[PDB]
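A lone chain, given as structure tokens: the form deposited in one PDB entry.
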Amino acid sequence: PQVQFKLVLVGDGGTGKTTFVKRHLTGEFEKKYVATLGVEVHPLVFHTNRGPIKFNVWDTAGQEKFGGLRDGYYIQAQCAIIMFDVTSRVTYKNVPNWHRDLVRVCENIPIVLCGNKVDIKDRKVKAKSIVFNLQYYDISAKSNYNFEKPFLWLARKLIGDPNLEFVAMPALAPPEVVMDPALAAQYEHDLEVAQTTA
């Protein structure tokens, strides 16, 4: 029928996975909870210059706070977002564990790494540490900062068009926090420098 892509969203509890996916208002409105699987599936539609794409984002019911995910949570995933908290160094050090599982259960699908809560001034995990088929982005879910970036990169990879663009932002929940334009510019530069080093 439609070109749908299963996107599994994973990462340590409290990293802001749920807050992040909920930003897309229609996807929240039209989500579906399946308790047997422990997942809320959000249909996130984005509109590219070459038409619409639909990400079916699997958000956990918080069972990562209890233990590991069932393998069937990952099954048939076509892309993924690994999420950590830039104010919590442990969430970042657990990223390889998440990556480890994804590669095991899943095919060589594209994966995006997202460091969340960059609006919080006291940042522990910075660009330098992060940069040393995978990409990284700073995001702040509470301020919609860089919200579209992970989806654009995955869309480009999945469709095989590196010149793919989004012609319009989906309806987003209004920012509950200000992303300081000065910090954002600085972080964006810190990433420019870290990229030049890579």
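By rigid core we mean the largest C-alpha set that fits within 1.5 Å across both forms. Positions refer to the first chain, counted from 1. First, how it differs from the form deposited in another entry.
The one residue among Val41, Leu152, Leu158, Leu37 whose Cα position changes by 2 Å or more between the two forms, with the core held fixed by superposition, is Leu37.
The Cα shift for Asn56 between the two forms, taken after rigid core superposition, is smaller than 2 angstroms.
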Contents of the next structure:
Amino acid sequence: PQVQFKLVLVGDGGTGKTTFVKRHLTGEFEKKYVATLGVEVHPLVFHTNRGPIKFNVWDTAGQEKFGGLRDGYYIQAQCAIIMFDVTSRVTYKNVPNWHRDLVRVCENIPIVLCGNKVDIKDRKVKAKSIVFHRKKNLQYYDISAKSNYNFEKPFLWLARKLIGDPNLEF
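Shown: the form deposited in one PDB entry; wanted: the form deposited in another entry:
Here we give the lone chain, stripped of any partners or molecules.
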């Protein structure tokens, strides 16, 4: 146990935020879409080359009628992940919303954008159409909670950014 940082997870309903976290924590894949209600805070520890680093992950429900305080969960956050699904074109349309909301409440925090479920037959959201991250100078990683493709890449980059050590290894 050591530093501990507040991490905010935002995005449309069903883009697999809860499943991404449940995996990292337990290491199992969840199948049913049980809608999240408000937030579920989860601690994640990462034994780095610089010691253990902890992540209080605020798994906020991005379903319209289920977010609790919404903006209020962003309170004093120090890093964020904005997630969307490549099966739903709509979720990438709504990324700039999840973004405006975050930077407004807590400016200057490192944010990683994440296109989930790349393991699914055909991506409606083509990897070349993803340009938002470049207009708002954020990192991107297409990922999958069933496939584990880039499983730790977003955490590693955040961890790298907060501690200010590009050589930081998980």
